[PDB]
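Structure incoming, see below.
The complex appears here minus one protein chain, its other protein chains still in place.
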Amino acid sequence: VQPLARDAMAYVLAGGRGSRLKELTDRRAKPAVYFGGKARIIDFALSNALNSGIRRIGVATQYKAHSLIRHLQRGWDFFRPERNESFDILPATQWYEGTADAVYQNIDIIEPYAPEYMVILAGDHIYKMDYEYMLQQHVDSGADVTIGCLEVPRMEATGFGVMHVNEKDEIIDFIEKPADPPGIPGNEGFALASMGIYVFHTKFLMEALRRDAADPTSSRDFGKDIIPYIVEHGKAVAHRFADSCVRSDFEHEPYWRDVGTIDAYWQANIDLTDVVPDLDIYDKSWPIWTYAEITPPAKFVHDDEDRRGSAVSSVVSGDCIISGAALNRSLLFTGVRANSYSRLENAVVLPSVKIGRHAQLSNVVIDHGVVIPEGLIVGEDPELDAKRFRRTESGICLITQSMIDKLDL
Amino acid sequence: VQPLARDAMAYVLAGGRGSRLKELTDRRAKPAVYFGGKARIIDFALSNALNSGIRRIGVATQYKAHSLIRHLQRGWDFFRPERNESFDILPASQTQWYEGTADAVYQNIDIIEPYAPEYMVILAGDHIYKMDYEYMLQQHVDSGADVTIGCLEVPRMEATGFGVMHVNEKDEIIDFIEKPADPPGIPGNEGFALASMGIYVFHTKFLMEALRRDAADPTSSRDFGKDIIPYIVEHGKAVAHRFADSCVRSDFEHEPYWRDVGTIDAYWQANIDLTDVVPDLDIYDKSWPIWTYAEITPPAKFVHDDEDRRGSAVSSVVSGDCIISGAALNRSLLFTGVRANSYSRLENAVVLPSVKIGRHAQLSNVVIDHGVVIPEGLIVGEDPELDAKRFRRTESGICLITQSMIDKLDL
Amino acid sequence: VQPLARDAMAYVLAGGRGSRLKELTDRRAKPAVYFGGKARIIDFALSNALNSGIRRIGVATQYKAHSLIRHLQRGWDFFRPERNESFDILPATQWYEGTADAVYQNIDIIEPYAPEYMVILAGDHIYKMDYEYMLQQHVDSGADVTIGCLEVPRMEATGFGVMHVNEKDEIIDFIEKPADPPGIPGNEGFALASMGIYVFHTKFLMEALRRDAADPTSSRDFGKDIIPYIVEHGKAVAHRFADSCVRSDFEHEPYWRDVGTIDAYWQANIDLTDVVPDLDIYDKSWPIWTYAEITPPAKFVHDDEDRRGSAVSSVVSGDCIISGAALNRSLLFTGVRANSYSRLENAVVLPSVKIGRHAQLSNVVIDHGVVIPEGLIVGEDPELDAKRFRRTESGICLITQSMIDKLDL
Partner (left out) sequence: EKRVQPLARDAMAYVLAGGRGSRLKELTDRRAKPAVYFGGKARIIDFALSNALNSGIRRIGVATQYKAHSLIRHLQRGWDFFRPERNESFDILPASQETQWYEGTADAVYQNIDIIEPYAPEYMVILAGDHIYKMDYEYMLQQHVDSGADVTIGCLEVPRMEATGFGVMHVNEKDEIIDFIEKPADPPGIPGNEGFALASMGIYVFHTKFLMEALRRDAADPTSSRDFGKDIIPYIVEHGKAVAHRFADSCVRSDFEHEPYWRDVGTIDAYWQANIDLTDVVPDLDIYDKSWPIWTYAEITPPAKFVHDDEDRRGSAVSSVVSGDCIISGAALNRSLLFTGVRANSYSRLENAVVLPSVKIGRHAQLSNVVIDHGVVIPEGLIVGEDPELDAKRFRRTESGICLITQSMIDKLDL
């Protein structure tokens, strides 16, 4: 009779340590990692909730949340309770004992709002999805939990929490990374991979997590304790990402990215420099909100036979001054200073980085605020680079300031 | 002890047609004209008021002000009355419009009175400059003047096109002259003259009766520069305040910066000079920021790198949400949202927001109005007689391009 | 599945004079008249749009617009275009030569948004409605216009532009203020009363308006020209208020008021003093947004035999100081200051009113900011009362500052 997103509350689990992103997540959680030239990773789930019409949002934080909390304070500050909206930042006596405990310790935050539906969201993935489709299916199916799932070729799901399904898209088994992922009935060769997105009726959810906290035997996680429990003792249904995903007209397939490794993080950002990227960051119909300040425009200067500031096949944010520096196939976040006779290629450059004169960097990820000393060469000597910085097996160097300062060169 | 701006209300006069900007001000008052890549002209005076600590701002607008008013509604929306801040947009009505710039104040006494400020800072809303108004506020009460007037220190040859302040040894105004052929020089500093910036400071009580006396005078032109100021220069006490004293000069600004941008060449030159390696105006300054209306936009993007086409910008300023797809930019300033397409070329171009450049177009020495769609293959800057017959072209060689003109050509 | 509000624009008509409110609207448009103790009239239509899910709103203004426009600038300032929200104030040859011209002159504001549906609203009524219902009837009905109608007893409708329908609620004729109004077939005694709420497909509305500006015989009005044009040539289906009205559990009937006359304005505000008011201003599930400031609480002072500052069976806003004044069956907006030995009864007191000592006013509407001189008496001399101020037949006095200024006797 009315749209269901009115009665929904998005609960964002943003306690991801990153870990596999190494120094990139040393002083910040993975949802706080920058992506795309402007936003952060957590901005996609939050914008999905906003654009789906969900007016109540909770975000549970955990590992090194100081930068994430400050981002959510400064950027997602426009919710007003008297308009029936709310944005609750819910940081962790001591740590949360998992991710279902992240919902248990904040019952007294949710239950005052009395939402009828809770949309449990992973806050460390890049994707655009209309959660109204997932809410309608949860009501129409009468399930205890609806789980969003990717349709992935049956060889990529080997590194995924895979749900096996029958012909009515009801989940009959969950397997953590099966060696031979079970396929879709009548559509073998594709398996359903878990997105970490679950829809519950709130009364059912409050009861389920409460039983979990009364189980000293439990690890207090949705995927290892809660989700297997309804899969076996109850009713679980799968929601396919392709049904809910919001595709631009310049998007060639449903887009979802885990950016779990340094190589995957690098590839997802550099792919935005392509002629027609997989992710349309120019889409106005399903916009991504984030914290942004009014910045001066980007500037390209110098044009001698010695030095020319210019960008080619590149994405350049505002407040960037490209002073006699050559940029090719590079993505620059806000406020980057590149100085004369320097050159960057295949570089993901996080905000407020300064490139010293005569430096030459190839196939790199430069962390926030790093000052690259004058004349530094990266991407030329693999063994020297693997000694000075963190180098992936395909030649991408993660460069942090603590690596830079520990060089007598 | 206490700062004077706490008890001051900046009153910005924003009803300037800027007639000599021609089609650039067709449907837009001069304070609403875009400048510098992101801001509009009126944002400088308002940002000077804010950064000087003046928490009450009134903006008087006149002709074709819908786009200016919407800018003020959207960009300057953060003032809170219960924190003793206010931002009043005061368009003419609430019999015709404002009879003059002094009537612009007079019609709005009942807006000014409830605030009861002790000082009134009358600002021109159509100039580009940075200034700390507390210095001027400080000189006013220490001088006992009836009005303090902000003045540029310009060489006498260039002061001939200004309203010039004749000043004695105490910088007291003994005569005001409209565009003198031989401008009176500063005593002891001949060769320089004092040119009015249109910045005034009054005690609010003094100002209210002046404009009320001006309103009860049928002879009056109802204008500050013609009726109120020349009245004080001879019957009251008028003192000049020197812009060099109060100008907020960035460390990378070689001189006090003030631009009128009163003609198309002057508007073009002021914008295009921000592409210098060291510009006169520092748009990367944080100590005295210029606030404006801005939205979150995607970054600028450059695509294609062939021998046929290469998207790139050299010696240029490029705002966000600009897609430079196989287009070659040189010495150009692009506002937000520009789409430049394959095989096109821009040189010495000021390109206002949301302009599309079609493939194979080549434009040199241009000002392209907001939202203009340049047809594919158009050439500007190559045939002066053809460009002048097609567009508004200055005698210096700069074309102003509007969509009306583009729609008016088979050729 | 998708809510239709996501793709609609609410276009509020707020250029009304409210002439039978007399000096209450001498310097304000009727949509800017205060109502309820904190809000103004137009806030209800705007809140209905916001709560229905509509985030693109345009408000056309005309007569006495400054305080209305200043109200919209500072109260409805939280919309952000890059979140696909918009709020346009449209005071945009002289004025609006009608009401259909109010849209025609602002097509250049509308069709760039390219909304799929237009919801044309009257901005001078007090009501709570979910516009998703009428949108969800419009696109299923396939009509060229859905018109919101109140089902009123047939002798109330004599002041309405009345339409009658068949068994399928299809509008066959439109009669403006019928002396003997046509009743609904089958169940007569009641009639459909048009509320001035129109729903269109945007592409249809644009043509209907441009063909209405083509005809020179046109008064350029919806209800007078375009609306009767479609029921004669196109398809119109009425929509019943009771199906869409948002009623609290404490509102015993669908609430809608016109407050067209001073007596009707007084009545609607004073009825809020009831124990069980017809309008529940405490319904948080459909809240009315307005311009509001942080204000001090209400203060009640003095308690002697001669003076006692207190309010009984009244509604008192913040920043109100009831100092030795006795209030009874009154409603006070923010900022009122009633001083010692004064007495108010059956009074609607607009913001910032000052009641001097010993003043005793009864059955009045006091205009915004009026200073009541000490010892003034109203309500005891019906003959003297009509001579100083404006008295209705029922004996309600509207008091403005100008009436007080001219008071010798």
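Note that the chains take the letters A, B and C in the order they are written out, and that residue 1 is the start of every chain.
The working rule: a residue touches a chain if its C-beta (ideal position, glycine included) is under 8 Å from a C-beta of that chain, and two chains touch if they have at least 3 such contacts.
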Identified contact with the non-displayed chain, of A:89, A:110 or A:120: A:89
Given C:308, C:354, C:358 or C:390, the one touching the chain that is not displayed: C:308
Residue among A:2, A:19 or A:73 touching the omitted chain: A:73
Sole residue of C:28, C:38, C:40 or C:55 that reaches the chain not shown, by the stated touch rule: C:38
Residue, one of A:140, A:207 or A:293, that touches the chain absent here: A:293
Hidden partner interface residues of chain A, rising order: 66, 70, 73, 77, 80-82, 88-89, 293-295
Residues in chain B touching the chain absent from view: 1-3, 6, 50-51, 53, 78, 80, 82-84, 132, 134-135, 138, 286-287, 289, 291
Contact set of chain C toward the excluded chain (per top definition): 37-38, 273-275, 281-282, 287, 289-290, 292, 294-303, 308-318, 321, 332
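Basically, only the chains that are shown with their structure count from here on.
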Centroid distance [mean C-alpha coordinates] between chain C and chain B, Å: 41
Centre-of-Cα separation between chain B and chain A, whole angstrom: 43
Computed distance of Cα centres, chain C from chain A, in Å: 46
Sites on chain B at which at least two other chains make contact: 296
